[PDB]
Structures are given as structure tokens and as C-alpha cells.
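Only one chain is shown below, in C-alpha cells, and it's the form solved without this ligand.
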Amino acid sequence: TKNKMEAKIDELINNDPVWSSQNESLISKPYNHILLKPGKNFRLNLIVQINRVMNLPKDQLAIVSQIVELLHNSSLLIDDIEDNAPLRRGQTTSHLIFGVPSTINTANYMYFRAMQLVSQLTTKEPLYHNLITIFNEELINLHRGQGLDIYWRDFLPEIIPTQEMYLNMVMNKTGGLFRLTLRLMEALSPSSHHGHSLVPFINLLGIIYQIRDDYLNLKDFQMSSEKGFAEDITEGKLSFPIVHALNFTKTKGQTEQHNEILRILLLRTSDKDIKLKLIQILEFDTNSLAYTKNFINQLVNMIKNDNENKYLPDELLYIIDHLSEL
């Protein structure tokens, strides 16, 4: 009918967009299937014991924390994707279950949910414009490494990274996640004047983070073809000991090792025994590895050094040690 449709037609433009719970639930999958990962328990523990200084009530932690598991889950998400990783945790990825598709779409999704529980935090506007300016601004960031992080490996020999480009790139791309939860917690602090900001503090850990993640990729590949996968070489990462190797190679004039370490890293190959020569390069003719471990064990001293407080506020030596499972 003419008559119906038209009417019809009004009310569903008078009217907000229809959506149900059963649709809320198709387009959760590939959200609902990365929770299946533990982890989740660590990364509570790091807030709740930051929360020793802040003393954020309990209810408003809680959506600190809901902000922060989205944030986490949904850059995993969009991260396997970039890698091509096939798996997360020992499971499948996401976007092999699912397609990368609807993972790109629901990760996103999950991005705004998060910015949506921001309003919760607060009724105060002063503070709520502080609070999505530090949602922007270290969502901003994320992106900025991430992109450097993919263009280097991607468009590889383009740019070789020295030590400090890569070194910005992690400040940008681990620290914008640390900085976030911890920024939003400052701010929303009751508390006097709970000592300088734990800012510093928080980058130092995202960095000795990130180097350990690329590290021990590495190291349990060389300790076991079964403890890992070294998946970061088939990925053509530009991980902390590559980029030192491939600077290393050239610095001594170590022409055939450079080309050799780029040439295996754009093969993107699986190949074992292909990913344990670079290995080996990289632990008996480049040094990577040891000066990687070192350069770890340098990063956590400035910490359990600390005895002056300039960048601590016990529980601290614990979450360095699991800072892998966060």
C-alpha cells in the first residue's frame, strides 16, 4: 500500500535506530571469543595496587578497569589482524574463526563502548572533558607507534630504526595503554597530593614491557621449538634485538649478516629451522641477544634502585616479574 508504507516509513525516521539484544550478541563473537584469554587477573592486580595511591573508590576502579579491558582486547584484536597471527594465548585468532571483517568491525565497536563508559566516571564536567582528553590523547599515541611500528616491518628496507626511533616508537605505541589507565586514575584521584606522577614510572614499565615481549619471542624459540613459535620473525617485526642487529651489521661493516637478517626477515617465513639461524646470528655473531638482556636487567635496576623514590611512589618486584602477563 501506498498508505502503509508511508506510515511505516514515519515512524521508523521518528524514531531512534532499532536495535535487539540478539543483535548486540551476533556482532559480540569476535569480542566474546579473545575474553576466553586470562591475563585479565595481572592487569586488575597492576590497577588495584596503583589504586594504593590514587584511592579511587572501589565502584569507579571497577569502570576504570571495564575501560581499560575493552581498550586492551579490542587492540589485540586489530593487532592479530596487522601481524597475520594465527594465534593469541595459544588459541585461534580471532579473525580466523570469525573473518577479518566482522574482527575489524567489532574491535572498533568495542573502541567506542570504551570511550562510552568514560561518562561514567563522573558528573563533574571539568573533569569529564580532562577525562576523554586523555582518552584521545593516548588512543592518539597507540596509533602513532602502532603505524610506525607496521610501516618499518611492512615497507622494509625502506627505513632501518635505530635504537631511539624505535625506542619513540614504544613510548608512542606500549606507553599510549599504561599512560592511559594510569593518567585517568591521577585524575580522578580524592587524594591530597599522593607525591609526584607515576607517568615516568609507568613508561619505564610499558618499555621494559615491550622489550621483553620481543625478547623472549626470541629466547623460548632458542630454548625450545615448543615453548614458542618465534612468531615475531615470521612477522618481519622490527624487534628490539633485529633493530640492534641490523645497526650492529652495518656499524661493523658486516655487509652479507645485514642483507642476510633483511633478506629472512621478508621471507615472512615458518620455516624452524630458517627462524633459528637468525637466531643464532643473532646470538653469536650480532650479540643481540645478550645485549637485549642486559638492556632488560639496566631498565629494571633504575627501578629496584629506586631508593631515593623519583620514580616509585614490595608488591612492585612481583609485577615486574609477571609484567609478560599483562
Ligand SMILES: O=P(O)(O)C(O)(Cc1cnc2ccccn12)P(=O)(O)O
Second form
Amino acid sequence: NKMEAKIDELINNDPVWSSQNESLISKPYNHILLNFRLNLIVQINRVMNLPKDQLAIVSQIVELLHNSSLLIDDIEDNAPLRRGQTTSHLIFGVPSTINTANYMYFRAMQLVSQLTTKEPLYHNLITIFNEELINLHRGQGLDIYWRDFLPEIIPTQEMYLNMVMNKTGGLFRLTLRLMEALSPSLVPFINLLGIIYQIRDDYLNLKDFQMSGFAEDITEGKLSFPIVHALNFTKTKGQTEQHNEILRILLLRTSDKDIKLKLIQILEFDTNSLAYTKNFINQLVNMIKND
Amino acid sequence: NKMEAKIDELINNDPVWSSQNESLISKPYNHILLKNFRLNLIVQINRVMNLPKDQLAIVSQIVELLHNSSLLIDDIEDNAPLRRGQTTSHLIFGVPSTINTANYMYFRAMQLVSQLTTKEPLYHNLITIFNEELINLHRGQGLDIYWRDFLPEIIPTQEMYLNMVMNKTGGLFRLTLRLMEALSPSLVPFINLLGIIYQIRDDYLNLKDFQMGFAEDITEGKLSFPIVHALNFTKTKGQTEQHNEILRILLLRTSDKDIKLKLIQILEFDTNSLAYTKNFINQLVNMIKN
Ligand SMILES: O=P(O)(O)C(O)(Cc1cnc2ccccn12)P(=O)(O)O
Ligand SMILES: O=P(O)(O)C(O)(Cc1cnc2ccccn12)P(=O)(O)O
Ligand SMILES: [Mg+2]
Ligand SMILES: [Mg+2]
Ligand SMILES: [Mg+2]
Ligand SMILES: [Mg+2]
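Moving from the form solved without this ligand to the form deposited with this ligand bound:
Everything in the complex follows now, all chains and molecules, and the chain you saw is the first one.
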């Protein structure tokens, strides 16, 4: 009698969700919340001319996707720090962080319908959202597979660049394409910026450590731009031993500074991968500065 | 020059993705596919919705993707070594690849949504349905995980547990049903009762199968239906030491057969929670039968 009634009031309503419940599961996200991406949206806008109301929502959407991606990336990469602070999954656990991060992807999708009331356009914005997230996951999927199944596949410079067009280019293209569709193409340019962004991120990760950083990419074992170069150069030049030692070090998932410094000096003096990467970056930057 | 030419051909094209790459990224999802009743429920419900087989195939594909992906993540979240007898994906391909593949399918599934209709309003409603229910799924799943991991900061009551279930399990049940009802040329209450019966029966069988089943729920330490009842029953009957012993076993995250038996025996002899649960499920099935 009273039970059947309670159950009947239950199944005949939307599920109950409290602001307290909301707060409790947003902890991993609130943690990572502690302007440049915002600055990038603004400069792009000096061309896209979106009104401030909309620029604002484009921003909220991009921050949510961006922060969610990092929460997950740190789980995927087993990173202990992000922005000099302890990583969310280590504080709240992998379970909550994965769920909160995926939760936010969906809150992000929800925000898209606050951009328009035009059914044709809205459909377009969603397809953009859907497409760049699909691309993001593909790049990230390759990067993780190459790394976790090494030495199964040794990627070439070409493969690495295609993985980067997907992985990083994904959110760059997403932001700009939403804006371009909202404007009352800068895709190639934004693609080049993402590539430069990723190769500089790979490089400085070792160059900072070498100069003084943690070179956490070595610990992770990633097929970074410098590593891909060193791995193919050594294969090509008959340096069997170096090629193997590079792989062994990546596969140690080591935190020892000396072992990391040894790998880095291999890329500096033996394969010349650091100079190569440095130069490749400049060449890319000049492709713009000489536009 | 030749370097610039290539970077140019690169950035002016769509990102390259091959069938082989698509294959690599799929390994974690395909592994869980080796595991018809879901399909039958769709078939059966359709005798009321009458969607054209073509359209019904996509809804089905969408549902299999959401369901499979959420199971891939659920195993990582519950630290499960097994799923229907086979080794779970994360233990074979790793947590990183399994998470990313599951997440990629969520999005592949979202894409299959616009292949359901081209009618613009109708499509908006389909996306909104998809969005709303995946949000609910994550909310309940998130609260279910919060209670377990923060235990014993919060011990839910039977009412809290039911609202977690309405979000957690009701999510994909309703997403399915609501999409069909929208594409049909309201069974929601019924589908809501179904998900609840399903989750309580799921929590129930996990202990029972072990009593007659590894009772992984004890190891996971979750606030299942019989456990919530036991916790609240011993608190109400002021049975301090039993209440505590239940919490202690759950916090052990134990694999020990003997310790697992003990908690189940506290639930059989002390609180009569398993029986209380059998009775709760039977009353729920009755609202449908009668
Ligand atoms: O951890 P960072 O900041 O160094 C890193 O750059 C993070 C990163 C790059 N690209 C993506 C795409 C989605 C999510 C995270 N992403 P990486 O690729 O090196 O993990
Ligand atoms: O692991 P199972 O199969 O026993 C389980 O039933 C899996 C389950 C139930 N409801 C959801 C919602 C989202 C993802 C997984 N879900 P549980 O709730 O016990 O994790
Ligand atoms: Mg990464
Ligand atoms: Mg990382
Ligand atoms: Mg589970
Ligand atoms: Mg679970």
C-alpha cells in the first residue's frame, strides 16, 4: 500500500538530483579549476565578430572539454602533477575522476543549445562538437596504443603528425569551427598552431629537464616528437644498440633522473633529435611569421 | 621547401584516419562483444512504437554502444577482474586504452543519432534525450561511486539509494524508450520500474549466487540494496557492533571467501536483509503482474 505509492510517485517523476549531490560529484573538476585559452578565443574573435554573450558560452564549453580531457589524460598518462599541483585521480581516485570528467563532456554538449535557437545551425554546431571529440579520441587512442604496446608499432614522423592532427588539432579545430559557424577559413592555421603546440610541448618537456622540469614524458614512455625521430634515425643508421636502449628506457616507466638524463643526452649527441626538433619548430613558426 | 609542402598538404586536409587505426582503437570494445535479451526488449517494446526495422536497427546499435562502453568504464571503476567469466578489457589492454575506447564509442554512438532522422525539430529532441539521459547515468553512477569511496562518511537510506538507481540504471533504459517513443509513427514509468527491479535484482543475485558467484560487491564495497538495508536496520535497532562490523567488512575491500561469508551471514541471521530484498523485488514485479 504505502510502498507501492512511494514507488509510484518515484517512477512517475524525473529522477531526484540535489545541488548537494551536484557539488559532491564535481570535486575532481573543481580541483583542476585551480586566461590564455580565453585570450586565444578573443583574438580569433577579432576576426569572427561573435557577440560577447555567445563568445562567453563558446568559452564555457571549451573550458569544460579542456579540463575534462586533462582529468582523463592524467589518468591515461599516470601523471602525479598538473599545474604544480597533485593530480585529481590521486586525490579522489580514478573512479570518481573518470566519471566526473565524462559527466562534464555531457554538460558541455548540453551548453551547445545555448548558442542558438535556429534548428539548422544548431545541428551544425553539434556535428562540429561531435566530430572534433571523435577526432580527439582517435589521436589520443593512437598515442596511448603506440606507447602501451611499444615496441609493437614504431611510428614514423608522418604517423606522429597524423596522430597530432587528431589528438591536439581536435580541440583547436573545435573552438574555431564553432566560432566560424557562429560568425555573422582559419582551420589550416589553427591546425598548424596545434602541431607547433604539441611539438613544443614534447620538446620543452625534455629541454627544460636537460637545462634544469621533470621530463615526465620519459617516465610515461610516450612516442614524443623527439623520440620518434631518434627511433627512426637509429633504425635507419644501423644503431641497433641505441635503438634498443631507447626502447628499454621508455619501457622502464622510470623516474630516475640519471636514467632520464642519459636518454636525453642520447637524443642530444647521438641522434641529434633535440636540434632536429628545435629546427623543425622554427621552420613551422616561420611558415606563419613568413605569411 | 619539401618540408613546407608537406606540412601544407597536412593542415589543408582532414586529419588522416585509417581502417587499421580504427581497428587498433577498437580492440577494447571488440573484446567485450564476445559476451540478445537487450535486442529482444527493443523488439518487444516496438510492438507499441512500430518503428521501421531500418530505424530500429540504429536505435539498437546506439544502445549496444552506450551499454557496452559504460560496462567497459564500470569495470575500471569497480576494479573488476571478470565480466561474464572472461577477463575484463582493462586488464588486457590497460586502463588508458580501455577508457579512451569507451569514451570514443560514446561519441560514435552520438553520431548514429543523426542517422535516425533528418527532420530538424525531431533531431533536436533526439539529441536532447540522448544528452539528458547520459547526464543522468553519470550522476547516479557518480553518487554510487561517491558513497562507496567515501564510506563511511555517508550511509544512504533506502530512499537515497532509489534516487541513485533512478539516475544510474534508469538512464539507458529511458534513453532507449524515449528515443523510440519520439521516433514512433508513455511507457517511461514502466521502464523506470524495470530498471529498479533490474538493479535491486543485480545487487541481490551477487550475494545469493555466492551463497548457493564471487560476491564481488562485497569486495568492491558498494552500498547495494541489501547492505543499505542492513546498515540502516542495525542503526535503527541500535545494534552498534553489528553495524560496525558490516562497515568494517566493506572497508576491507576483501577477496576472502570466509570474510565474505561472514557478512552475508550477518545479513542472513542478524538483519534478514537478503529476505527483505527478495520480498522487495517480488512486490515490485507484482505492480507489473497485477
Ligand atoms: O599532459 P600534456 O598537457 O602534456 C598533453 O599535451 C595533454 C593533451 C594533448 N592533447 C590532448 C588531447 C586531449 C586531452 C589531453 N591532451 P599530452 O599529450 O603530453 O598528455
Ligand atoms: O557491474 P554490474 O554489471 O553488476 C552494474 O549493474 C553495472 C551498471 C548498472 N548500472 C549502470 C550504469 C552505468 C554503468 C554501469 N552500470 P553495477 O551497478 O553493479 O556497477
Ligand atoms: Mg596524454
Ligand atoms: Mg599527459
Ligand atoms: Mg559494476
Ligand atoms: Mg559500478
